[PDB]
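Number of protein chains: 4
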Amino acid sequence: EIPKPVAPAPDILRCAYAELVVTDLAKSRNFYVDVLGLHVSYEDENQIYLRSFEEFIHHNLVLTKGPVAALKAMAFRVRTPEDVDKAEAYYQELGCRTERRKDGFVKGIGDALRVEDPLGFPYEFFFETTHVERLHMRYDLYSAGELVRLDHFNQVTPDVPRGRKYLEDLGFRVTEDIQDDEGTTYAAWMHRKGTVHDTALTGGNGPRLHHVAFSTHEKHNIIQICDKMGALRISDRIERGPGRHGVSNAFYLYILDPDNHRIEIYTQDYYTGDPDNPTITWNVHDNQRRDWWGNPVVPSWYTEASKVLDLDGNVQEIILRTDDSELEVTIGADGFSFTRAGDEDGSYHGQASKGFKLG
Amino acid sequence: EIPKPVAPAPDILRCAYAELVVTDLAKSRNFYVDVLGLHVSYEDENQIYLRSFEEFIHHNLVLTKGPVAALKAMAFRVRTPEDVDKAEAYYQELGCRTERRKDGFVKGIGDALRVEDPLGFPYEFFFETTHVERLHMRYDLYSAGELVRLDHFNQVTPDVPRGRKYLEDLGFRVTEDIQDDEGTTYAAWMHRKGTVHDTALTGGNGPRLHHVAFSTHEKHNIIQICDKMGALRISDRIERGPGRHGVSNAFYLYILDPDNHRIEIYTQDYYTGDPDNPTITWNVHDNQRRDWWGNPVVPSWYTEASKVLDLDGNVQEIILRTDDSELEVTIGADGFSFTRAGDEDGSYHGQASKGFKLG
Amino acid sequence: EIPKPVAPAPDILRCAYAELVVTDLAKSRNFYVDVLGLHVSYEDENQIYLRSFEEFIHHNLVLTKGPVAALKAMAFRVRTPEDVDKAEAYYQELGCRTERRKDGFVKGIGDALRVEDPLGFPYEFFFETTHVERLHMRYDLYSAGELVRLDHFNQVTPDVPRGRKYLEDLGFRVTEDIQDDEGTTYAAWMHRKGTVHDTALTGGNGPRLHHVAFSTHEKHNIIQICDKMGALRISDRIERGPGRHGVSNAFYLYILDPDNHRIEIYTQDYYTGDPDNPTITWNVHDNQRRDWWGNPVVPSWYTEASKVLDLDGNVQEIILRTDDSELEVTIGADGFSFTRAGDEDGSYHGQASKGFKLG
Amino acid sequence: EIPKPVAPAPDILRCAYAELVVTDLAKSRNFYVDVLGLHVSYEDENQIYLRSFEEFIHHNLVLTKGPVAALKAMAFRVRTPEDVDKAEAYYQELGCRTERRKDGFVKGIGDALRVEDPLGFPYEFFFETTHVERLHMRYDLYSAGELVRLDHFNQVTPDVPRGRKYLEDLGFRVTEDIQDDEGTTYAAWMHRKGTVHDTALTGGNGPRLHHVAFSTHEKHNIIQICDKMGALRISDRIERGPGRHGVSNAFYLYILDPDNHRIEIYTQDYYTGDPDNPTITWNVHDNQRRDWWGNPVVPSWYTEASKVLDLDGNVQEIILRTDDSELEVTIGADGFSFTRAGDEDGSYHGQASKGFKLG
Ligand SMILES: O=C1C=CC(S(=O)(=O)O)=CC1(O)O
Ligand SMILES: O=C1C=CC(S(=O)(=O)O)=CC1(O)O
Ligand SMILES: [Ca+2]
Ligand SMILES: [Cl-]
Ligand SMILES: [Cl-]
Ligand SMILES: [Fe+2]
Ligand SMILES: [Fe+2]
Ligand SMILES: [Fe+2]
Ligand SMILES: [Fe+2]
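Protein chains in written order, with UniProt numbering: chain A, 4 to 362; chain B, 4 to 362; chain C, 4 to 362; chain D, 4 to 362.
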């Protein structure tokens with residue numbers, strides 16, 4: 004019910020960076036630099052610009068000091084300077100608020116368009132960016148937990164099919180989703196760059212930002228992040244994992260930054276770049292869909308997510324999801340999940356797997 | 004208190020094998036051979052003899068068909084044939100029932116002594132064993148989840164200090180333990196071979212066998228076992244993990260065989276062979292002690308363990324623990340755990356970590 | 004010198020499969036299925052169709068029994084059925100011999116175009132292919148050395164700049180190359196799918212096929228392949244490696260099949276999908292350009308490669324390279340290489356690194 | 004022949020540390036600390052004391068500034084303080100020069116005996132050592148190339164059987180060796196701590212120290228060391244590897260410190276603690292004995308080794324080997340090696356494997 008514009012979609016390459024507003028810049032720096040090992044492209048008393056090991060654009064993450072922690076912008080790189088004009092035309096036809104800045108909104112980005120999209124998310128589209136030293140062979144800097152690439156964003160929105168259509172019109176291709184037999188959709192994953200996703204929609208009250216994900220080379224790198232957090236005695240900031248995903252098949256970990264922005268560490272999903280890439284739909288009650296090993300999904304993973312800002316820097320209104328809740332139908336008092344479809348053995352009723360109930 | 008014999012202790016080398024009684028031999032074979040990749044030394048309609056990748060003695064695990072699933076014997080290899088006589092003399096002085104078989108109790112073992120030890124456990128001591136092809140460079144057989152060694156046993160016993168003193172007199176050296184500030188001991192780890200342990204005591208109703216542990220070379224091998232279990236749609240048989248242990252520092256996984264016998268997969272603990280190896284005591288309320296990443300300990304891990312048999316093949320009666328319960332004091336309704344000692348932030352009152360309560 | 008056609012280039016997605024002629028089908032099957040663990044999509048007495056772990060198209064490799072071992076076709080998948088028509092028009096404009104088969108040249112491929120390209124290589128373009136079960140989460144089938152994707156081809160051609168221009172016009176983007184200060188180009192790498200390459204040009208006598216490359220998830224998987232070849236006592240079929248590439252930054256291994264077709268195993272190169280991806284040029288004398296650790300490049304790696312066929316099944320005549328030889332200028336009697344530019348310490352003159360000369 | 008003393012051998016636990024004389028302390032610090040990540044236990048202007056990640060004794064390596072780079076002492080820890088007395092009596096009965104210091108030769112060591120042993124090597128025996136923080140869970144300090152333990156020494160000596168008998172009398176157990184069909188022994192490996200070795204003898208002119216070896220947890224940690232040396236543009240200091248050993252089965256790498264002291268990085272050998280541990284003899288012409296993958300052994304690996312000092316700090320005179328040279332018989336002009344015994348295919352005559360000759 005979001006209409007398809009007559010205007011052509013901008014050619015989107017990939018997710019490129021997020022700008023997160025943080026309340027204590029020093030504490031945030033400790034987390035992203037000292038704990039996680041991201042590389043400083045620029046910093047001052049107001050902002051920190053960070054990039055992953057293999058990145059050549061200026062940054063994958065901007066930490067901006069502000070009064071209220073929130074997503075300020077989720078930025079996608081487009082293929083040509085002309086695609087920025089295409090983005091402006093497209094969103095204007097959709098009736099969305101847009102703001103164009105020839106000199107960019109943040110350092111290291113040139114001509115850029117920010118929009119309040121039809122789902123209420125602050126999207127940025129840009130082509131021009133300052134190239135920096137690509138650190139991909141700087142093994143003298145490589146940490147045991149090295150984050151090598153920015154992989155994806157994940158957005159919380161109340162109406163998944165509505166957002167899905169809009170993103171498909173924008174050119175994203177759906178790779179996987181979670182539905183039930185009653186026809187409710189709980190989540191969808193969609194890509195531009197030929198991995199499982201560049202962004203994803205998670206059913207819930209929104210707009211809110213669920214997480215930003217970075218890649219590692221190997222599974223042991225993700226294990227090391229966990230181990231380091233234990234050594235630093237901040238294991239309470241490990242939210243969920245590590246595990247193997249069902250959807251995406253990636254090895255994963257979720258952690259919480261000082262403002263409770265959720266960061267995923269992710270590795271080893273599969274190639275999706277063929278236009279007839281087979282879509283995979285999982286049943287919501289399948290206990291292997293989110294954690295392949297059947298480990299329970301922590302309730303905060305379903306309930307907590309970051310505020311997002313509008314173009315004035317104010318927090319966007321949040322709309323209540325009315326479709327069924329994934330938490331409620333799977334691990335809530337009236338929920339259930341299964342290990343084998345139709346088998347009562349290895350099924351869980353009114354609680355989570357592995358012997359746990361909701362706290 | 005268990006008295007220290009005048010008779011010298013047998014010189015114990017290491018844990019060597021366990022004999023488990025199973026109810027359906029074919030189903031057990033599916034689990035240990037097809038799922039886990041253990042190597043068959045001998046089998047018939049009654050027994051299956053299995054060994055790990057780097058083993059040169061006949062077997063590390065004997066599966067015996069029987070009416071009641073239980074541990075039949077935990078076996079330790081001794082240094083010399085004369086140590087079998089030393090074990091006989093030792094246990095006779097302790098007033099324990101012993102049985103001696105010059106040609107062994109199981110195939111591929113020679114002169115062997117089985118005892119009902121002071122804690123009610125069926126111990127075996129042997130030297131003589133049939134050597135087999137050591138498969139350590141048979142990379143043509145190497146599985147993505149290859150189990151390379153037998154590492155340890157873990158025993159459930161009601162009175163940990165009582166058992167600890169007995170095992171110390173036997174020559175085992177304590178490497179780590181869990182205590183509280185009120186004089187209660189919850190668990191102890193003890194070795195002969197220079198790893199963290201060859202056996203361990205876990206406080207609880209006993210005698211019961213908590214688990215048998217096998218090692219892999221690398222952490223990814225353990226991940227693969229989990230992954231394979233999800234592919235076989237038996238993720239319900241993954242009990243706990245994978246994780247990083249606090250005590251022992253090993254990467255770990257617990258899975259359940261078809262008779263609910265618990266198997267741990269384990270890797271990368273540290274060297275303990277020096278006689279003044281520093282002992283490490285963890286506080287029971289430290290939420291990083293069992294899983295370093297603070298993931299909750301599944302309640303079945305505290306409550307479930309295997310029956311053990313006497314020398315007549317009858318199940319040993321269960322003596323109740325009267326000391327405080329680790330489950331109750333950490334994750335029960337009146338329990339408590341912390342992330343940082345003295346910090347209310349990251350502490351848990353009357354529930355488990357990560358947002359869960361007992362199911 | 005190879006002119007740019009007026010007709011538009013077909014939109015090429017990625018390298019998709021190679022068809023290799025082999026002399027003994029059973030022996031080839033032993034190598035690719037038994038040693039390397041590729042998955043059989045179809046086989047009969049004349050052909051074996053194989054795919055990698057994550058593939059959903061019918062196959063990545065066709066082994067065809069024939070009198071003379073050679074490359075029969077290197078196939079690229081195109082975006083739409085119409086791009087096959089575009090491919091036909093494009094190559095007909097170039098004056099190349101083309102053959103079109105509405106029902107394909109091999110099983111599981113539909114409408115297909117094969118061409119004898121300007122460099123004398125048998126290229127195939129197709130869209131239509133039979134989808135098969137994507138094995139990406141079949142961890143019950145996963146090998147310790149599992150080959151997960153087809154990554155690239157590598158072609159030997161006498162004139163690298165000539166081939167480079169042609170491939171760029173065809174839409175490949177150069178990511179890395181090797182040159183010297185005189186202005187000779189020794190090698191170039193070029194992509195469509197957003198990895199370091201889908202094909203590459205190696206300077207030498209040609210047309211010949213240097214290798215076909217498959218990916219693994221992790222570096223340990225490549226180590227396992229070497230270990231397994233040791234156990235099978237076929238270590239003489241390990242040609243070069245394992246190592247870390249300078250160009251591409253990938254961890255690698257080269258092995259030889261029963262007909263001396265070279266196969267590379269490859270993992271963890273970087274993202275190239277942005278249109279302004281920085282192009283890296285290495286100096287031919289840089290001893291870290293091919294193996295980052297400075298290990299010598301085996302002479303057979305520069306001199307040996309597979310014959311290629313024309314459309315009638317006859318071997319293509321070889322044209323000699325007149326440009327300087329990478330072998331000669333680096334490891335030959337009058338060659339040299341350096342560890343640090345301008346430093347004689349760590350330089351090698353008239354021999355290879357690590358204390359070796361040419362055999 | 005070296006006679007077996009009447010006096011009992013000291014009970015040796017393990018190799019514990021090496022004291023190396025270096026010419027430029029700062030440069031040596033840059034290598035061991037900044038490149039390799041060893042942990043500083045103590046330093047001043049004359050010496051640097053270093054330990055591995057899991058070590059609790061004071062140090063595994065002492066770097067001592069001096070005029071001539073050499074091994075000053077190879078130290079073994081003994082079981083009790085009385086074993087130092089036993090070591091003194093033992094070497095005194097052997098007619099060896101001994102020096103006893105009640106307060107040690109280096110910091111963090113107590114009562115210590117140094118000897119000029121029968122093969123000319125400076126051995127130390129000690130029990131007393133200052134315990135330090137065991138860093139085994141300090142994942143906040145863990146390097147991507149972390150060295151976790153000291154594993155072994157390797158000694159060059161002209162007569163391997165003579166040295167072997169002496170070490171066996173001292174209580175070391177031979178695990179593997181290399182011989183030919185004409186009765187020549189080229190190398191032997193022997194242990195106390197239950198790994199493949201604590202020291203080893205390599206046939207050649209001696210006494211010289213071949214190398215000191217440290218362990219990592221995993222194979223990727225060794226790969227990272229290579230990658231970091233490439234990044235630092237010191238790949239010319241990678242002498243040999245990385246590879247899989249035949250003898251020992253360990254994954255390995257050899258690198259050279261600023262004074263050309265050879266250091267091995269080593270992981271994942273097997274358990275040898277049983278007293279009937281199967282001994283393994285390899286033929287010297289077996290091309291998988293040293294590198295399992297058949298990669299050629301660098302000639303410098305056979306010819307170069309460190310000087311060793313006597314108790315006055317003077318360099319020990321070299322005695323020439325008269326037995327056949329492993330280099331000459333395998334890779335020399337008249338050498339030979341095989342891949343499969345009895346198979347001419349995959350054999351090498353008068354040159355090294357993989358297409359190389361001696362430089
Ligand atoms: O990156 C992702 C891929 C898969 C999943 S899921 O927990 O497996 O659904 C979570 C995620 O959405 O964050
Ligand atoms: O895949 C490749 C990537 C890099 C290299 S090179 O040996 O580093 O040039 C070789 C290769 O051309 O086969
Ligand atoms: Ca208390
Ligand atoms: Cl535990
Ligand atoms: Cl070797
Ligand atoms: Fe995600
Ligand atoms: Fe255990
Ligand atoms: Fe390649
Ligand atoms: Fe060594």
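Please note that a few of the clues may not be correct.
Remember, identical chains collapse to one label, so a pair may be satisfied in a single copy or spanning two.
[Claimed, not checked] Simulated crosslink set (SDA-like; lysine to any residue; CA at most 20 Å straight-line): (1) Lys30 <-> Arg100; (2) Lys30 <-> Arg236; (3) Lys360 <-> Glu131; (4) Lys360 <-> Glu307; (5) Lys110 <-> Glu136; (6) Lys89 <-> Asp277; (7) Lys360 <-> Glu48; (8) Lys30 <-> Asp143.
Hints listed in this document are in silico derivations from the structure and should not be mistaken for laboratory results.
Each hint, compared with the structure:
Taking the closest pair of Cα atoms, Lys30 and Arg100 never come within 20 Å of each other, the shortest separation being 33 Å inside a single copy and 61 Å across copies. In this homomeric assembly, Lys30 and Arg236 come within 20 Å of each other (Cα to Cα) only inside a single copy, at 15 Å, whereas the closest approach across copies is 35 Å. When the C-alpha separation of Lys360 and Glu131 is checked against a cutoff of 20 Å, the pair qualifies neither within a copy, at 50 Å, nor between copies, at 49 Å. In this assembly of identical chains, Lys360 and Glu307 lie within 20 Å of each other by CA distance both inside one copy and across copies; the values are 18 Å within and 18 Å between.
With identical chains, the CA atoms of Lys110 and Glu136 are at most 20 Å apart within one copy only, with a shortest distance of 16 Å there and 44 Å across copies. In this assembly of identical chains, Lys89 and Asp277 lie within 20 Å of each other by CA distance solely across copies; the values are 18 Å between and 25 Å within a copy. In this homomeric assembly, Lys360 and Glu48 never come within 20 Å of each other (Cα to Cα): the closest approach is 44 Å inside a single copy and 43 Å across copies. Proximity of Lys30 and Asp143 under a CA criterion of 20 Å is satisfied inter-copy only: 17 Å between copies versus 26 Å inside one chain copy.
In this structure, the earlier hints numbered 1, 3, 7 are contradicted, and the remaining ones agree with it.
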